[PDB]
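Have a look below at one chain only, the form solved without the partner chain, in structure tokens format.
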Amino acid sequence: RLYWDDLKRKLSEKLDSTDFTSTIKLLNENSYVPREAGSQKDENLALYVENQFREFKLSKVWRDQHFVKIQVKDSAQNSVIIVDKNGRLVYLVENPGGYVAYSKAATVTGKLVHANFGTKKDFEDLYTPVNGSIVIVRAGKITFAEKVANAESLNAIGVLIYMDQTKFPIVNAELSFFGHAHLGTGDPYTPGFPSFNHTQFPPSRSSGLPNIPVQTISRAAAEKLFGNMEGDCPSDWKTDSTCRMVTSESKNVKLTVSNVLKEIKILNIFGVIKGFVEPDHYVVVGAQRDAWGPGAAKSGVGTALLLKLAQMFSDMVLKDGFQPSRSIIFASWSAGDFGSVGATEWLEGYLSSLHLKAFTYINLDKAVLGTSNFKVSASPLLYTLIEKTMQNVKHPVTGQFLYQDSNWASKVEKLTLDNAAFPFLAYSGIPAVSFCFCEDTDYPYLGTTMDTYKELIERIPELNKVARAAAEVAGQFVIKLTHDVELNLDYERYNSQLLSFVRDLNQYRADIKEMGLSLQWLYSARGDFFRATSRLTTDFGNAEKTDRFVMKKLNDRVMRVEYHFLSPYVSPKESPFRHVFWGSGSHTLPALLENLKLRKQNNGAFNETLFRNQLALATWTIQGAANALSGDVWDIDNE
């Protein structure tokens, strides 16, 4: 029999004998490039991954076939033009090679106002209003969809996105790039339900689709526009010197976007290594396969890591006697640049089949972007698992352990809309984890035509060792979640997550006292959840691990923790991100805090009735999670 100390050294020894640069630059050949969603080369790479899964002698390989509507450029060229002197002077700024998917096809003419990164606080700290004008924004900080939503909320008629040289130091300055403006995930025309032929594709439009045109432009076109506008950009923004603010008096900008929808067939490839004790429970390891350009950083590294992890685990189970108690699923997704279309539609299709079976998701997308920092975003249940993993995995260049900051958990940022783990965590209620070796600045070539293998190996010479470290982190994650009778999910991690929330809410106690309300029941629910976690820990400690009955009874209560945080009072179709902690909508705790923060201004932006309903529903969501983790229904106490 093998224990953790042997599995770890076996995984490390197999990692030392594996080359990742070869597989990456093979995925960067002239077969497979470029691989847009639904393209022929994406299908070729899907078939290659499927046949490689077959070669690894996995327990079972299969495929899912979806038909989704994406958006592409039309025969008519998108245009950015400058008009002057009441339309008697026209100036072609750019015919961009890139575009923003799911943008509304229209033409709009008006003034161009700069809004920095397009965040809500950026629009708040602006003197020039953007109502009925086009907005120029630089990329970064938030997703394209968030920028377009924040602009459209203030009656902006158009959005232009560029890359400044200060945050994106690119020599070319005429490079085009690609993104999507859908404020959500999955096929925006099958919102909440899968994209299969069974649905017969009824008329359904996601509310996350924008109703204003958004277009990407190069830095050359951005500076060309800057040459026709006035006002110095604030030094707080840290942008180029050529930056300007608002167009001239008589100068207007005309933006013409003519993108068209296209129905395509995407393929999700899957392999599974069945468990030896509890095969019905499993971890899912996914990676995006498609990419607008070459996509070496985002999709190539992830797909190579997926292939090599599958190969190594199959070799361990077939030749080295590794016997996981629970199953392992390796998934190659498609259409990952229009949101998380493949993964989200797969979740929406088989949601009832993986309800309380799939218990962890590990995303491998964009895992190698630098060598300075090791960043991670995950559900609290995995925090400890991450911590114990950072204490015994060495840095690729410095040679030291990844665990250096003892307060890393207090600095973890939550998953964002562009990450494929976000629909796994906020929609399906499955704990998900994404990690990356990156830098303090964004990878400049993401979404561009220069996201190639040569530009990636030149920026990262030790790419093999960094990819090996990322694969080692992922492999230790997989082993810790499958090899032992105890699942390494730390429920107590949520206690602090609750303890902060109420405390934040307590900072507005006076408001709570002015509306005749009280926070005592939220404190009661938090304490009940804390005591339930403590009782569960003590029962785990007092139970014999060889008794399968009691162990499964406890693990079922462990695997229900993340599900009980999904809001049971909202529609999963019109509000799929149901998680009260990491979701999106008025049902989340951050939304409750946002609403309550508006009362003291006394302007009519605070909705008290909405706030009371939010308080009630969130309080009882926390209390129901606590009562479900407590145990049987007849062991709950009342006043």
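Under this definition, the rigid core comprises the largest set of C-alpha atoms superposing within 1.5 Å between the forms. Residue numbers count along the first chain shown, from 1. Compared with the form solved in complex with the partner chain:
- After superposition on the rigid core, the single residue among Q391, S353, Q77, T398 whose C-alpha moves by 2 Å or more between the two forms is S353.
- Residue displacement note: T23 has its CA displaced by under 2 Å between the two forms (rigid core superposed).
- Relative to the superposed core, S630 shifts its CA atom by 2 Å or more between the two forms.
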Given for the second form:
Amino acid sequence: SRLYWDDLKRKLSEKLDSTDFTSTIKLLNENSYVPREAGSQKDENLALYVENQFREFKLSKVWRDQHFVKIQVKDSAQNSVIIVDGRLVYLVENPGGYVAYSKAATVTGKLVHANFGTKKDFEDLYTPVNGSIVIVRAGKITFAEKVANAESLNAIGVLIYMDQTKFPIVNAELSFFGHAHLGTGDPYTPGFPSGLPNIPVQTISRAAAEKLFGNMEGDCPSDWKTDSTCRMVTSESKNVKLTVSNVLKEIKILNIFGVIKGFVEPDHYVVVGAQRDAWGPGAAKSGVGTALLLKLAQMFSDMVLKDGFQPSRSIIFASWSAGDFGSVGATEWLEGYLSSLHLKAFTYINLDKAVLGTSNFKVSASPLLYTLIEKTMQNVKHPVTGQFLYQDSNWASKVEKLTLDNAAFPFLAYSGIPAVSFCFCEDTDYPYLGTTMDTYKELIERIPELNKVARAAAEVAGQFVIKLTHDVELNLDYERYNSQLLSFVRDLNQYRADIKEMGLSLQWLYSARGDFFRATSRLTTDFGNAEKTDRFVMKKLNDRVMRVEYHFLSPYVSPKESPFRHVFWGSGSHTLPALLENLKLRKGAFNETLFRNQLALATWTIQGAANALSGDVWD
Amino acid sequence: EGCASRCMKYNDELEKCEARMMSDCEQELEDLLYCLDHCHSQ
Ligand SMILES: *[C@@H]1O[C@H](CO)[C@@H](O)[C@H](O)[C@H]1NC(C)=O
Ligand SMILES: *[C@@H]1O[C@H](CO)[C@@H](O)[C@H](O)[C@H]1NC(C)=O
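After the form solved without the partner chain, can we look at the form solved in complex with the partner chain?
So here's everything in the complex, that chain up top.
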């Protein structure tokens, strides 16, 4: 009997009901696999464990992908934070954590609080930060962005801590880790035998921060909603000395892969991935994802070998290393297939940090995946309330774009592959990420129904996979870009009068929007008319749909200078938001020459994406 | 029918209005955008 969606959905649900996710999470907190910094013996032990599991599940093929990359680690000299009061000097902390890609340096000066280190946070301070060290709270934005924002204003170093209000942790002495590269991948290693900080940056404990605040004056504003102990600026008699001595080290990292080959179009794949490495025990950070990855591979393999599931397209499971350093393992893999990966991999599903709580279900993705997400929400229940996830029909207008710290980001913004990340979470951040308290014990105490929540995260990802691989057609919603383009043109249209003043016209941009619109309609019509059983018609149409995301990567910038080339979701002067940010200044921070080029290049990119949607040259 | 075909009449009205305006189209845009964002293809 040929299986249909209803049969597959009910089979998945059946297998999930008997799956024990918590045993696997707990096994990854055993002493043989913690802590597991990238390139460590323990990371490697876990890789080889994952490999041998994939083999046990009888995946079609299992393989290793190795890279040598340069990371930064702690030196043998301790990093330190010291109060200089001249007549006396005393140690505040030798911190147990560090920030990777810090400049190694020693600096001394005033200490100034900048809240979270957002651009607006700095703008609202009464104290200029130039020539000073800045202290900020973790959260809201990445460490890399905090450091970049501080550097932009000529700060000389950055301290980062977890305040009790946002991060209610009983232990005030807890250390933590992150990285400050404003990018992904290995920023160091040349092309023979970059978003990096030029100032030192260091994580300190809350206790350390509180000792600093005891040498500081001024209450913090109440709208910061932070602890009552917070203070704003060092006293005139005191300065802070920060010493960072981190060193570079070459490591070998292993990405572990397994595939279930498609029955019809094995050369096209959905890729499902999870970070394996972590500073410290990494239960929520890496354990949960890796457990999901293992259980999904096992279940899908069983569905194919025992239950008659015949996926049309391939399913790849990827266990990545050096995720903690900026998706380094995944980025290195992407970079090997510059310009061609999008012809093979048609979607990426990230599993990292999929279970951080119970209250909310959040999703970030390429618009191409929005219909798939919507249909999946209609068919998965919330693991505590029992209600289906689809309770807001206007959800798609609220989604936030993927960020630089999410492993799905480079797949979309660098490689042009539609990608999705999702989680069950709270409003508050999970407090133990990047610490030695990120353990199975803490995770099960905070989420005692962890097994049912993991089951729901598995069901989401499992349903994505089935939808993407089952039918002869691709469930990718290219028409979703009509709303994204129109929304942009709406934002641009606020500056119509500026545009007239400069002697320019939007006619060709309008016209390119209209061309893309009609071109998506025609492609939809063609799918509607195609003989669904003709493997040759369908492979041609599906090949076309797989190039839609890639054609929003600007062809006018080097991926070595600006890796995130996607004009909607990427970063730099070629993006559509950057065009609007410049034009916003014209009311001489505004650059008219840049704007002219930006309008031209955007228009060419959108028009070229419309043309690319036509089948043959004579159409 | 897909969303682009369902909403085609509104796309045409916007283009017709842009064409007039080049010899404010905010409503014609708002209408299209509304139709696109409230359309569920599946
Ligand atoms: C910050 O810049 C101002 C203005 O140029 C300068 O006078 C001051 O010395 C600088 N502050 C420090 C602490 O370097
Ligand atoms: C304005 O942009 C153009 C083109 O990118 C560039 O050559 C020029 O340096 C920019 N001018 C300023 C003042 O930044």
